[PDB]
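Take a look at this single chain in structure tokens; it is the form deposited without its partner chain.
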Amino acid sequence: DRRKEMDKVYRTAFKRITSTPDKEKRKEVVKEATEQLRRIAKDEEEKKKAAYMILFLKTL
């Protein structure tokens, strides 16, 4: 259940980042996505998935 909520935050951030022309605006979404993912994950395996998901958003 905690993983499906983490997939929502990631997939929702993706759509917003992938369709926002402003460079500075996208940085604010991934920053917002970063905080919500770090707060929704406390397990070791969970936090690793958030690490990759945050990494994927930033390289966009």
Contents of the next structure:
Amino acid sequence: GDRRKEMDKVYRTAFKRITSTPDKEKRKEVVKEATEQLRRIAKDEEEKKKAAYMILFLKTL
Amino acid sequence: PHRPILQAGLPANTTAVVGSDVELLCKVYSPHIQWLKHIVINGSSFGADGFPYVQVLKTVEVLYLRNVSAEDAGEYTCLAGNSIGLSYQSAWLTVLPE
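Any chance you could show the form deposited with its partner chain bound after that form deposited without its partner chain?
Every component of the complex follows; first up is the chain already shown.
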């Protein structure tokens, strides 16, 4: 519930930061920072499946 | 200002025989696309902490699968996402020997 909202908040905050960084190496550092936080929030099967699904999509950026 | 909207029906659960070819469909109404497979490691698709083994396969959106094997079956997912969020619909593939 409320944890699912913080996930989308981290994703959108990470999406904006990733796609405004010209340094391709610094973009991977932003993913890794969002990776650790996202894994630190989710607790259910669907929420963990969501936090994973996000992580792979920021890599598509 | 929304997550991407996908055609509700697809992908559809498909059954195929080994050695045959397979095509999985996705339809986006709008936004990048990447397909995924759910990897089963020792009879469990989930890892140590409870996260799923999921692998990106590629990036109407069709995915060609030629000469499917036993390891090719499982759960496939279509990830669409934008600035706001993501949307995903999953289907399961079935492989049959002769």
